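Mind docking chain B on chain A? Use the hints.
Number of protein chains: 2
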Amino acid sequence: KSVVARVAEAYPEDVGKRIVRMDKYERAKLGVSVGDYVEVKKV
Amino acid sequence: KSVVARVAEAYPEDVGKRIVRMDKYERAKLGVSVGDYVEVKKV
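Protein sequence lines correspond, in order, to chains A and B.
The numbering of the first sequence is the working numbering, which starts it at 1 and goes up by one.
The numbering of the second sequence is the working numbering, which starts it at 44 and goes up by one.
It is worth saying that the hints were derived from the structure and are not from the lab.
Hints are all accurate, no fakes.
To give an idea of the interface, some chain B residues facing chain A are shown, with a C-beta separation under 8 Å as derived from the structure:
#1 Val-47
#2 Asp-66
#3 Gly-78
Just so you know, even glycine gets a beta-carbon here, dropped at the ideal spot from N, CA and C.
Bound-form chain A, shown alone:
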C-alpha cells in the first residue's frame, strides 16, 4: 500500500519534530494511524 501527496510547508511550531501531517483520507489508503511511522520518497 502507498499514497501520493503534494509536499506543503510545515506549521512553524512543527518545525524540527520529524512529523508529516496527513489527513484521514491519506491515512486510510495506508492503513496507518496517528503516531505511526511512514517512509516518504520523491516521486
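Just chain B now, with coordinates in the frame of chain A:
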C-alpha cells in the same frame, strides 16, 4: 533517497487536499521542494 516521519493529524482546513506538511529538514533529506509530489508508505 527517503526519510521516515511520524504521522500526525492534518490541519482542519487541509482536510481533503491530498497534501503532506513536511518541514525543511525532511524536504532536504528528500531533495524535494514545496509543491513536489512524494510517495508515502507504511514502515
